[PDB]
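Trainee: Each chain, written out:
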Amino acid sequence: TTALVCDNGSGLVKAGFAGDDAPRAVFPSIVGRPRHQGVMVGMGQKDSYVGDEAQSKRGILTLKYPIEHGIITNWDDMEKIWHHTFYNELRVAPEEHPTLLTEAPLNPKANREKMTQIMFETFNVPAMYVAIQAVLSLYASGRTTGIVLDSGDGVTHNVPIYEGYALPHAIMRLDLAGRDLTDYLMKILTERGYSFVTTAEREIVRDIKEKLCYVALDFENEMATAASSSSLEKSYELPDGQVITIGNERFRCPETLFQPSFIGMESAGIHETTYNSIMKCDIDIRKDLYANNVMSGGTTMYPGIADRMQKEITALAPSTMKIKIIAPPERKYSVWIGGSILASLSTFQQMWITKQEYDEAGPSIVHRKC
Amino acid sequence: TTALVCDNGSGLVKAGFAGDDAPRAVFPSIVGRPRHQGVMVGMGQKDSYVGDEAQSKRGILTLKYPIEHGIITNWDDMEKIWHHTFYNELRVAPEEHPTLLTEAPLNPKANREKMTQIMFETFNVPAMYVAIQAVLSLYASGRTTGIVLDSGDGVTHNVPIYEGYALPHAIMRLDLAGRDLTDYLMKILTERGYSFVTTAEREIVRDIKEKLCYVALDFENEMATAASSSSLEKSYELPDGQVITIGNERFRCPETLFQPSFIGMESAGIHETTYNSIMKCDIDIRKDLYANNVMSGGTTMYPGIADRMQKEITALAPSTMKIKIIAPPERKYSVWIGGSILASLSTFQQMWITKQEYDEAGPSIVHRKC
Amino acid sequence: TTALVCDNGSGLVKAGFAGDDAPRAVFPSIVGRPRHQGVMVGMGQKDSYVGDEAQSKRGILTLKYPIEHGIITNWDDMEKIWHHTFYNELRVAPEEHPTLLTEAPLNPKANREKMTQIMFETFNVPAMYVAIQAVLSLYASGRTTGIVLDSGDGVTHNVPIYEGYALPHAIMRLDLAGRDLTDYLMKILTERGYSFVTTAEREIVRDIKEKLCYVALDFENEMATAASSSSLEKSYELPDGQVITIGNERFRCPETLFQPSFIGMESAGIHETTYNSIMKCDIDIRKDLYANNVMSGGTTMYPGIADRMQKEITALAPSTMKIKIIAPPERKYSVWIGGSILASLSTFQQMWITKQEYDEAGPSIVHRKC
Amino acid sequence: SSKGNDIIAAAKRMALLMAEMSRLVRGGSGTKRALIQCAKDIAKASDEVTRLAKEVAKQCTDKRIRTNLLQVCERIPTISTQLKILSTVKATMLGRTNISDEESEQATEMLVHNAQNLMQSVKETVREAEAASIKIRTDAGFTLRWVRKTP
Ligand SMILES: Nc1ncnc2c1ncn2[C@@H]1O[C@H](COP(=O)(O)OP(=O)(O)O)[C@@H](O)[C@H]1O
Ligand SMILES: Nc1ncnc2c1ncn2[C@@H]1O[C@H](COP(=O)(O)OP(=O)(O)O)[C@@H](O)[C@H]1O
Ligand SMILES: Nc1ncnc2c1ncn2[C@@H]1O[C@H](COP(=O)(O)OP(=O)(O)O)[C@@H](O)[C@H]1O
Ligand SMILES: [Mg+2]
Ligand SMILES: [Mg+2]
Ligand SMILES: [Mg+2]
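Chains as they are written, first to last, in my numbering: chain A, 1 to 370; chain B, 1 to 370; chain C, 1 to 370; chain D, 1 to 151.
Looking at chain A on its own, in the form it has when it is part of the complex:
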């Protein structure tokens, strides 16, 4: 048989088989339910849509994400997504495949115990294991040493690793990611007269964010350039045929990662959170962490995010150090690719949590093993 690698993100589900180089199923992690009146007989009887069919029929549905900031909040809608990615997307039975799941650090412990109970008592997997998402991004980089910055849809976290040893006192976590930049771009698009208030219109602004937004190298130079010129303007066409024009909100939306006061948060930016995680580590390993800054996740895919991170960390580093940011083109699947490496190691098959190990310890076995 073959191990399954499921990466349940806050915004996307990346599932597939252990050993491959790309996930087989990549679909949104939403559940849509209809909100209008089904006047035609026979057609309107489906109660909920899950994967890409909730995204195509989204004009008549209420879209809900079951995961907010890495924490599963809707446990009934989460089982619909897990039943969809097994039977409808991968088309495998879960009884014949061990499943590798992921999680962010500094989550509640009831989140990791309930997804262990659901996997063993609803889908009846033979074995399972929960891993940390920033450890798996280091497997997908050709490295055993470096500090990972993983920014997805709900969580941004830093993990320093030196020669396979993590330093858990220096692990940072910041609840600001791609869902909070979509909500901020919706707020500053009202300054031009565009109003997106529906949850189906939130999926439209997420498409404007992924195509027209970038990270400015100097924020105050671009704010003065956009006021004097009109070369920073771009156009996007809505699903009904209307054309909107944004020129200033292209770089003001991902500046919230570097200035989180734009949404009323007191936290420091992702350049200062990284530097504070290095300076919490020991002085003899700091030189090998400055030269290995692995960026992972989907929110690290803006144009200019890695040249801005190099400019801001060099201004904090002691100026004889060599700053280098590793940002591969497959950043969006680093947690999946390194998760398929880990499930393929011959050493790893003594580290699964089997089902008969689960019967004497209950769901508390996932804390003593993972």
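Hints are computed from structural coordinates only; laboratory data are not their basis.
It is possible that part of the hints are untrue.
To be verified - What the simulated footprint calls covered on chain A by chain B, stretch by stretch (three residues with Cβ under 8 Å from a Cβ of chain B suffice, anywhere in the stretch; the number is not a length):
#1 3-13
#2 39-47
As the list claims (entries may be wrong) - Here are the simulated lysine-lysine pairs, PhoX-like style, with alpha carbons at most 25 Å apart:
#3 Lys211(A) <-> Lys311(A)
#4 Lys149(D) <-> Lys46(A)
#5 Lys355(C) <-> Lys311(C)
#6 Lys287(B) <-> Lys64(A)
For each residue, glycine too, the CB sits at the ideal point set by N, CA and C.
Mind docking chains B, C and D with the ligands on chain A? Use the hints.
Mentor: Same frame as chain A, but now just chains B, C and D with the ligands:
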């Protein structure tokens, strides 16, 4: 047993059986009573005429319609038309057939409650159901998605439907239809010296409307064309034997669907009512509504109505969408044809209002089901 | 000289002088134009009516509101209302008075740049300033701390303020107010057989809304009470002399504020919008916001709106906090009264935008100050 | 496991009748009477799919599969009924004299789109029935047991 489909419109009754391709009985929805002196013994003793009996003897009768603007105003006359379409037209017994009825949206609730009381306590049907006319026009086109323009003799209404879901906040209704065009054509025929005043002469101007009237593509071109030449002139022969000649009133009569201010109404045209009902819908379903503009009813049977509708909505659309008006040649019976589709569905037979259910809830059961 | 305070609402204009206790001029924000034929020589040649004279001659006029949803859409008609409220209503010259204007939050920035240009280049005021409407509703309550709920004719917005500091990430805005309840009441009056379609008939249903409507404390009990009893019925006399009778639509029209699904919106009610705006704020200031719930504007004037807001927020609050809704009897003018407090402050006199500052920086100076 | 692979062959007979109907729309006015006969048996071939996709729902014990399968298969008794009645209406409208070249041009698109909508509704019940075969197979034995690899 076979279900009955009865489409009580404001001008015509379309009755038949569930499953056929055309209504069996189509007759005017009038009731005529004599207005003269019955000097010959034995002959002149009938007191009321209903179907084509009143359309044939109309020279000695006063014709009256029990339905205006989609609302039944005379309830003693509407029982005569229902008794005529059962025993004399279809020649069936109403106790052995469930009857499907239709109604316009945004109608009074006392209109729907009284027509279940007449059907259950005077004609004693085993079951019944009241359907919306613009939903049944979508069944008769092979679609489950599109905005319907139903325009008959009293009501013009728009209903948007996407994948079997109606959006009832975007449903429009305009009380301007083929009877308000007959009354306007009677008024502008006084400019040529033709006086039609009685209710029997109203049925003659309805034949001039159905034969010589069309919709101009641009109203201001043909208003100068008809003053330059006499090529738009046409002749009609009255039942007396006289010949009238109309040249300018051919396109000025159906123009008041697009400019309702010709009869003193503040409402917008049928092209702006269609566009405003699309713009009340959600932005993701607007593209599939522009491409499916189903036209229904007998007032949409003018020569040139569908090319004028394509010109006017394209001028309001955002110029990237494609507009398409579906106007089949069976437009006059699309409410009936879709009504015979619905009563033939095996899913529909759990949706009837049986007489056992009516005895427990009274006439308020028709609002919970239909 | 005395400063002018003009509160341009979506439905009503409230103008007056800074320092007083009530606005001097309160008139509808409409512009009426004739739709019929002026057959008598000399009389019918006025082409536009503005204030209360468009409301009195409304039977021969087409009424237009130049502001919907808080945004000025007709700029030729908006200068007619400003020229009416200066010369004809207040009887002052605009060159000798600085003018305080208001605006809703999250509004387009071209709306505030154009109304600065109209004041400085058409009416030639010496100075001006634009203030947020919910900040002015806190001045008029004797408080410096509390979350404001302002609901007028186009916009319903929440603003939290603690000791004079606003939290702009927690400011809400919902485009549902008293004009969207007039249209919904017009739609559910068709169930009783009453049809109001004209824009002049829209002003009649607005008087029915302001006189017979109230907010039910428990909605599902009143929906069962009105079906069993007949004590909830009331009568209203139309200007023609007819009498209508509504019993169920009295509490179903203002329930759209608490269930916005009734008009096809996905948003939450004003009790959940208020609670979500409190929970976006910091935990140390949440106790002083539960105890100060300031209601403002004309849509908060239903009988029972404040006892219903207390029941619904208490069901969401953590049950050891005390909820107190402050709803003064002068709620309709609290944005004006707080605007006359602010324009009378000696601290404020250095915060006007003078006309010489406008010539140096153009219309973009209104964002650097207000 | 014998009525699980019956659905694929039943839904592949409809794929041949759709491709047969797609060839008849290129020809002129002579081949449109065979177009209506090609639409009156797609609606009958779709009745075979809903006859035995109900039988798979009586076999599956997982309630999230057996209720998701019946919610998607009930469109096929609806679009088939309005395809065999719309074909009867178009079979009568050709009996008129001198209709147009454009009137009958758009009358076939009301039968093609009604049949493309039926074919797109029957491929989405094969997907929820192929997901039912995974649950039927493991509850009747046929399960590969996983064993942990020894170092
Ligand atoms: N090209 C892009 N530019 C900016 N943001 C992007 C881009 N592509 C995806 N995103 C964002 O990435 C997020 C999802 O990335 P991912 O790491 O897969 O999330 P998760 O780990 O939560 O599943 C979304 O918020 C999406 O908007
Ligand atoms: N060819 C035609 N051109 C214009 N109007 C027509 C034509 N045929 C019928 N009408 C009008 O259609 C109306 C009746 O259409 P129909 O929709 O069947 O009636 P109902 O009001 O009962 O739904 C009448 O007012 C009649 O004048
Ligand atoms: N007593 C009342 N009950 C309910 N609604 C009212 C009442 N008085 C006024 N309104 C509504 O208040 C709205 C205007 O309120 P107001 O705040 O003065 O307007 P704006 O803020 O738009 O200038 C109108 O839509 C009107 O119908
Ligand atoms: Mg992730
Ligand atoms: Mg009709
Ligand atoms: Mg106001």
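Trainee: For every hint, state whether the structure bears it out.
Mentor: How the hints compare with the structure:
| no. | hint | result |
| --- | --- | --- |
| 1 | 3-13 | violated (count 0) |
| 2 | 39-47 | holds (count 6) |
| 3 | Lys211(A) <-> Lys311(A) | holds, 24 Å |
| 4 | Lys149(D) <-> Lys46(A) | violated, 43 Å |
| 5 | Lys355(C) <-> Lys311(C) | violated, 50 Å |
| 6 | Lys287(B) <-> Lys64(A) | holds, 24 Å |
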